[PDB]
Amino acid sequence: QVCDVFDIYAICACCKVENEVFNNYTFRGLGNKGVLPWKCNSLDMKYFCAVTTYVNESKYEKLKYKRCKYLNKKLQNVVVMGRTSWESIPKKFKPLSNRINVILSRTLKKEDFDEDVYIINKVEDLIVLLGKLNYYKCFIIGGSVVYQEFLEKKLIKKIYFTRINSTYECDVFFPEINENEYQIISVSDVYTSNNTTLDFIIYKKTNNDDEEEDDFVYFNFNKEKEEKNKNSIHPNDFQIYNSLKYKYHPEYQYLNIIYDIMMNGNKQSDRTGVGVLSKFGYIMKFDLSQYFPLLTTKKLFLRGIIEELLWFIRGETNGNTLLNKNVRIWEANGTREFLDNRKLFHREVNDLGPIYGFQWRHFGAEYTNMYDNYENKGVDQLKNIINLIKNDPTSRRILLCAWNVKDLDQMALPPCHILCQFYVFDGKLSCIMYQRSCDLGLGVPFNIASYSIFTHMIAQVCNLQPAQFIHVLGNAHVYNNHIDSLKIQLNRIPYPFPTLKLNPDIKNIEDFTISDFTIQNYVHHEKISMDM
C-alpha cells in the first residue's frame, strides 16, 4: 500500500484535557491558541528533532529500488506540516533544519518562501512529490486537520506518539485512533522533563559479523525446552505482551517477573496449603527521580499503605490504631484464632507483638504489651540511619533490620520486609529492600509503593534528592488463584507513571501526616481482583 512504500509515518505529542475511566484516548491534547498546550518540553523537542532528522544512508537503496518498481522508473527526511502548524514555529527555527519542509496550504504559493521548501495544495499531490524526490522517510508533523485527513485515509505506517502525563487547556485534539486499525508494539522508558512525566510509544498499521550467529546456536545447544509451555499457561493468550518489540517501560520489570514465574515457575504447595509457582532471587530498580512506580496495569490505592508506614514510624504494634482508620492489612493477623494458632495464647487481639515499628524504634527491648511506654528502651535504628545518612553518608552500614531472631516467635508473623540498606552519592539517596516472601499478584505492587514513599521520606528529611529504590525478591511466587487475573494484566500496555509530592515543610521522619502525601497524574487501567 501507499504508506508502506513512501514510508509515511506520523509523529505527535498529546497531554490530557479538562470515577475517572482512562484509555489510549485520554492522551489527545495537541494545541491551544496556536501554540502547544504545555510550555515547551526539552525532552520531547529532543525526541522529535532526533526522530525526524535521523537517516541511515547505507539502507536507502532498498527504498529507492522498491519506491521505483511501484511507480515504474547529505540524504534527508520529509516533514509535512499545515500552514497553521508552519506559522506557530518561531522564525529562528524555519525551515526545520536538515529536513525537507512540505506545507499543505490551499491559499499559499512557492514564490512566497525559499527554493528547497515545497508547497502542496492537496494530500494526493504529496505521493507526486515523494515519487520525484530523494528522501529517507516522510514524517507527518501535524495539524489536528493534517493528522485527521492523513490518518482516516490510511496514509500512516506508524504513529510516533509522546504521552505527556499532565493536563493543560486545549482547543485542538488528536483523533480517536482505532485500536482495531493500529496497535502499540513499543513503550519507552518513563522520564521527567519540565515538571511532568512523559514516555514514548509506537503504533503500527495492523495486518488484517553474521558469522557468530551460528556460534550463538552451538553455545545454546543445552537449553531445556522445545515448546511444552514448561507450565500449562499457553503463551497464545497474551498475544499483546508477546507482540510488543521493545518493552523499556519500568513497569515491565514487574510484568517480566510475573511472566518468568508463570513460564518457568516451580509448582509448590505452601504454608497456606493452597498452591504457588515459586522461583528464587530477582532484582528490580526504579528511578525515583524520573517517576513514582505505582503499577498502571491495575488500580492501586495508597491511603492504607501510607497509614501503615506512619504507624511503623511511630513505633506502634497496636492493631486497633489501624482498624480505627479502616486500614485492615493486619486484621487477619490480630484475631484470637490467628494468635492462638501462633501459640500466642497470652496476647491481646490486635496486639501484633514486636513487629516492624517496635524493631525500628526499640530493637532489643523486652516486648511487654502494645500499650507500654518503651521510651528510650532498645535501639532506635530509625534515628540511627537518619543521622548516619547525614554525618557519614559514605557508611556501608546504614541498614534498618526488622528480622530480630530473638523476637520472631513473639510476632503475629515474622516480617516479609527483612531490611533496608541506604546509599548516598552527590546529594542523592538510594534504598535496597530485601523481601523474603513475595506475592507477585497482591503484595509486591503495594510493597514497591511503600518503600518508594519511605525512600522520599528519608531523603527529604536528610535534604537529599531520591535516586533508586532497588527491590530484591527472595521467595517470589504467584498463587494459582491469581493466574487468570495476571494474564489479563500482562496484555495491558502500561501508562506513564505518576509523581509523588511530599509537603516540603516536613523535616523530621516523625512529623509526617496522611495529608502530606499526594499522588499526581496517576493514569491506570481498571481494578482487577487477583482473587474471580
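Positions refer to the first chain, counted from 1. C-alpha atoms forming the largest set that superposes within 1.5 Å between two forms make up the rigid core. First, how it differs from the form deposited in another entry.
Only one of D114, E169, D409, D340 has its Cα shifted by 2 Å or more between these two forms after fitting on the core, and that residue is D114. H234 shows a C-alpha shift below 2 Å between these two forms [criterion: core-superposed Cα displacement of 2 Å].
Superposition of the core reveals a Cα shift of 2 Å or more for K225 between these two forms.
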The other form holds:
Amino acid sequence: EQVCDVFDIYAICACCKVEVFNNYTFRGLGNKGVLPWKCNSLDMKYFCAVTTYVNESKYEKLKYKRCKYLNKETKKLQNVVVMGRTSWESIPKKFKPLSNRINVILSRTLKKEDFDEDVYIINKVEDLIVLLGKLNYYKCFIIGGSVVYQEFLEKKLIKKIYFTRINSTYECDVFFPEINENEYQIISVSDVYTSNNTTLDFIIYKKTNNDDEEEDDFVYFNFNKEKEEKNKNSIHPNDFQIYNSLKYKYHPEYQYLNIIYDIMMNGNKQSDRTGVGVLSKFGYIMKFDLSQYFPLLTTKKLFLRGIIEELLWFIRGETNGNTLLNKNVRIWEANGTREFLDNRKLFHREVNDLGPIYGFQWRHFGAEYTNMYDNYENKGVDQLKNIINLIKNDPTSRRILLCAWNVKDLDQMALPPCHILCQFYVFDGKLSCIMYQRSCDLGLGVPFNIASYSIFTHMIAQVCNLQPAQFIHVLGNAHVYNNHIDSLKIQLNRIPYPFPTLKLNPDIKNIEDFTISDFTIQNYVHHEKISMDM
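The structure above corresponds to the form deposited in one PDB entry; please provide the structure of the form deposited in another entry.
If you are looking for partners or other molecules, they are not here, because only the chain is given.
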C-alpha cells in the first residue's frame, strides 16, 4: 500500500510547446511568474471541474482504507489542493483561496502569520502526508509549480497525472518534469477543443506495473454472438497493447483508428479484379467538429499541399492531369497513362486527359464532354454555384447536394468518383457537410479524403458567410489492403496528439478565388512518417 493510493495524491498541470515531436514537446508550464498563454477558459473550467469534484458515496471506503493503512479504527466534503508559494503568489487576489477546496501551500520563506487567507502552510512534503491523516477530504491535487511537480514525482507520490496539452508555442522559463514511459503510461485521452484561438486535449497518465442483480442480464442477452474464433481474424492481442490498454479513447482520431481495428478484427477476406487481397466491411459514419479542430491524422505525417492543389483543380472545373503534374502533384498520374486509358477502353482519349470527372461534373454536369482543352462556356449545370446560391438564399433546403456520380459519363471517366456526393446542412449561421464515399482505402486514402472534404467545408462556409461545424464522412465499401496491415498495427499503438487548426485567408469571398497560399495548417504536431506498404 504506497502512500499515493491510500491518500489519493494526483497531479494536474497544463503544458504548452516551447520556442522529431514527442510527448515531452508538451512541457512549458510558466513564464516570468505567470502562464505562457495568458488565460485558457476551457483549461480553467477543466481544472475547476477535476479539483472541486467529490462523490460522497465513495468517501466511507476511502475514510476506511486511510484508517486501515494508518492503524486507526471506526463542513461539506472538499478535495485538497497543494501548490508552491510562487504558484500561490501568481494567483489573482480575488480568486484566492481557490474556492470550495482545501488550499495547501509549500513555503520555507513564509510561515502561517504571513497569510491572511484560509490556507494550510507546510515547509516539507512529509508534512502534507501528516495533514492528510488529520483531515476529511476526497482527493489531494498537486497543482504545481515546476519544483512541487519535480519533487512529488521524484518521491513517486503521484498516482495519476491530469495533463492538459495546449497545442500552441509560447515563451517559457519553467518546465514540467520529463515523464518516463516506464514509470507512467497514458491510460486515457479526451476530445480536442478550441479555446482562446488554440486547440487543447486532456490526457491521463497512470503509475505502471514495475440495484446490483441486473449485472447478469447483459451475459444472457449476449448468449448468441461469437467465440474467440468467430471473432473472425487471427491478428493478435499483444500487437495492439497500447491501443487495448487505453481506457477512454475520446480523441476524434480514434473514429478513424477504431474502423481500422473493426476491419482488421472483423473484416471479410476478398480479392479484387487485381488479384490483390483486402479485408472489407460495409457502412460507417465518422463525424468531425471542424469548429473545434482540423482533423489531420496525427498518428503519421501528412503532406496537405497536393490534395489542396487537387481541390482548387476541381473547383476550376479542370480535367487536365498535366496541370497537376506541372505543380508536381502525381495523385492522378497513373490514371492518365496510355496503358490505363487503353485498358479503360478510352482509345481516343489523350494522355493525362482524365475526361468528365470531378472538375467537369461540379461545373458542367450533363454537357457532352469533348477533351481537357475545351472551355464548356455556359454548358451543363454549374452545381458548385448552385449549392453556394442555395446556402446563401435557401439554407433550410434539403436539396443542397454536390454530386460527382453522373451515370452517363462513368465509362468516359478515368475512374468513377470514389466521392459520390456532398450534401450541405445549415443551422444558426453554421454549415455542416455529409460526404458519401462508395470505395474507401482506410490505410492510404481516407486520411487525405477526411482532410480534403474538411478543407472544402471551410472554403464553402467562408464564401457563404457561415461558420464551419461538422464534417460527416459516410463510408460504403471500407477496406484495409493486406500489405497495409503491418504498418496500420504500428499506427493503432500510437496515441494521437491534439489536432492542428486550419486558417483560410479571410479576404477570399468567391469559391474560384482561393490559391495554394490562402491555406495554412497551424500547430500540426504528428508522429513520424509511415510507408503504409512495406
